[PDB]
Amino acid sequence: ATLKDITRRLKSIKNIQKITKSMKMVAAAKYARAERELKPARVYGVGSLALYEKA
Amino acid sequence: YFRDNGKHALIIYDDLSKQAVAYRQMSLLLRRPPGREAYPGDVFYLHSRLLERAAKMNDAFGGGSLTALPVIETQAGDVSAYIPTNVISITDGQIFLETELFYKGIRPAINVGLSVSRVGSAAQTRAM
Amino acid sequence: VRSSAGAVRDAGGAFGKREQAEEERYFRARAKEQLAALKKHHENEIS
Numbered sequence: 026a027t028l029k030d031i032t033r034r035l036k037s038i039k040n041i042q043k044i045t046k047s048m049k050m051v052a053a054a055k056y057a058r059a060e061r062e063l064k065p066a067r068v069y070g071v072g073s074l075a076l077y078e079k080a
Numbered sequence: 299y300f301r302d303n304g305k306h307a308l309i310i311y312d313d314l315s316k317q318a319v320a321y322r323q324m325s326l327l328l329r330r331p332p333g334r335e336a337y338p339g340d341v342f343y344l345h346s347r348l349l350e351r352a353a354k355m356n357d358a359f360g361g362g363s364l365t366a367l368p369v370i371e372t373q374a375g376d377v378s379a380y381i382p383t384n385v386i387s388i389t390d391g392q393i394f395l396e397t398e399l400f401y402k403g404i405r406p407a408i409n410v411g412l413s414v415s416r417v418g419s420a421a422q423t424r425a426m
Numbered sequence: 033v034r035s036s037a038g039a040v041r042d043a044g045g046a047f048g049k050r051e052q053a054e055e056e057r058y059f060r061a062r063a064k065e066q067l068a069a070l071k072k073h074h075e076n077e078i079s
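Chains as they are written, first to last, in UniProt numbering: chain A, 26 to 80; chain B, 299 to 426; chain C, 33 to 79.
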């Protein structure tokens, strides 16, 4: 394309990359919290399933 | 001649982007200094003086008319080029044909989003 | 060469149209909801 087409496309992709990096960071934080909260719920749910696999 | 004798005429230049090239060749072989993209300086004039003859005479001058439908050819849709922009700023309306619409099945490819016509309301039948 | 705010919709590529539609559908939905509420309020306030 022409120079302006390339410039606009490059700016758009740079914005997209910035946004995806930020979202990766947010998702990583939420993941850490989710694992932390998943351990106790893991034991709780496994216990609740105990009966059916035992009987 | 037709529009001056009370009749109506329609003229279709096809293309004007090749008249521009022929004019550039002439001007370069007469040794006149080139301009932008090597086109002479008088490349807007070339077309403006030509498309300004498509008038709509009043009833005192016969009432005849001469419509014009110049055809331009862009390069990969670069409407921003030199001759395309000149002729776009010369003409009244536009009819943008796009290859992405041609292959998507829309034929004629007229891009109704960008196509314009200054007359609009006027010059349309009441039912339409 | 840098990047600036509101550039995704300046390019007008696929992401630009995708974003425009993602906005328009949502706000058409909310406009419909608000119009329904406006009609309800109109009727309930006649008396």
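There's no promise every hint is true.
Here are the computed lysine to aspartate or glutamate pairs in the DMTMM-like style, where the Cα-Cα straight-line distance is at most 20 Å [unchecked claim]:
#, chain 1, residue 1, chain 2, residue 2
1, B, 354, B, 390
2, A, 29, B, 390
3, A, 46, C, 51
4, A, 36, C, 42
5, A, 43, C, 42
6, B, 305, B, 376
7, B, 316, B, 302
8, A, 36, C, 51
9, C, 49, C, 65
10, A, 29, C, 42
11, C, 49, B, 398
Far from chain A by the CB rule (all over 10 Å, computed), these chain C residues [what the hints assert, rightly or not]:
#, residue
12, 33
13, 37
14, 62
15, 63
16, 66
17, 73
No lab work stands behind these hints, which were simulated from the structure alone.
Ideal Cβ placement from N, Cα and C applies to all residues, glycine included.
### Query
So which hints don't hold here, by number, going up?
2, 6, 7, 9, 12, 13
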